[PDB]
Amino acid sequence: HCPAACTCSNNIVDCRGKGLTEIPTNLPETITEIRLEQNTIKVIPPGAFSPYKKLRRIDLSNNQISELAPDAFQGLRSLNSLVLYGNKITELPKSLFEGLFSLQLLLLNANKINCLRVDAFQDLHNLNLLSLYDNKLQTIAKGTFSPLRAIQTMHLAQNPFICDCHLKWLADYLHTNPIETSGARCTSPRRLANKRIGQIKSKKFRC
């Protein structure tokens, strides 16, 4: 029930840096933490973690993940952290984070994410730390942050933000809630390129 390359004890499955090419299957149903970071997993298959509804922490960071089934984390109502940084993720399928009502940490930094659905974080009521650092986001649609009622910290930088009239809400949001702490900058238009989104008056975000 414990993969031969990993060490499992105290409900933790630890397969950190053991050459894994896929998520191991038939683990104990009681598992509360799964450590799969620093392997070469490429695919998160349909309802991958759905058998383990007692999961509180998943670490999938520093793999080669380019594909996530939309029900990869379905039913994980007790999940507190989802750590996905350092993969090749390009889009978040609809409902990927559906029903993760206990999630507190979501790390999506160092991926290739080029857009976010306005409902991407619809169920993340209790999230405290989100990172989208070092992705390919040009914009975030007004409303994407509305469901984040417990948010305390965001890492948004190293994204090519176009600071036009469609990102103006984010200027206002951050003036009100100065919780962006990685020094997010505009990259376009040229008039605002390389300036911190928090240092720019909203009135300057125009189309």
Given for the second form:
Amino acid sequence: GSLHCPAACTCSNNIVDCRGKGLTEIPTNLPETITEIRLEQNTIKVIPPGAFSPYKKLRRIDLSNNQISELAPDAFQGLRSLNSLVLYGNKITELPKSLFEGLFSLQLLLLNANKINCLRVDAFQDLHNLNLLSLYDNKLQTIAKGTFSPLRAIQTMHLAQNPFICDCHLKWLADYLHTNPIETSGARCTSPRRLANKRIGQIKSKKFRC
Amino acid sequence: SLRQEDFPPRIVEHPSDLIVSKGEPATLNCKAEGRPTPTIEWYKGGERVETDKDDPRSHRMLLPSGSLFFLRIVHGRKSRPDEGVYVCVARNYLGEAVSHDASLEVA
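Switching conditions: you have the form solved without its partner chain, so give me the form deposited with its partner chain bound.
What follows is the entire complex, opening with the chain shown before.
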């Protein structure tokens, strides 16, 4: 074969480690057999169309602590073995339609420490094996009813450090969190005044009103 | 064809030094090979680190990869449970492997 390991990285037993190398883009032409790609602590701004799609044996993608402000909707298209996706410590404001489509194997999804201001009701449509979801420290004021319905295997969720508006549209979440005590970071209402600084889990569902 | 026999643990990824700020997330990694799959324990200054897997009440999780995940670094004027020097230890019935040190420092 020809060489498929970027000089900035090390490639050991199909683990490609590119951490802390001042990279601004994902290296292209990686080994087709790659199971883990480690890009944390670089300066990547954009995840381009079909970025990871060629790498069918990928189990772990780590892009934490980059400067990511945009991801292409098909960045993870056609990955059926992906187990863990870590995206924390970036500048992500929205997740395009279909971003996590087909990630049936996904077990860990770290989206904490971004600027996510909205989630689509279909955001986790295919994530039936997801065990841990971290949305901690984002800009969510609400989560639409039904967003967690696909999450059949969920064990742990972090929702805190989001400016939640605890009105009638978040009532379902109070219900959800009372029936499923899996939110461990202390999700709190920012408004209305009556509920300010109160854990969503501590508030009776009736108090969520428009 | 190519059989995998049981073998004792070997650290293939050591935790690496990390600088982080109060309130920010942090991960120290620890990848061990071995069969049966090694179990991972973390030590800070030689003292065993409590995680969700020892207490479900926690900002620290031990992930299935062996990584120690801090959802947010705690660093107050007079309370600093996270900063320190960490080692991971991987064990199975055939032996153990101890990682290099890794410093977790708060800027």
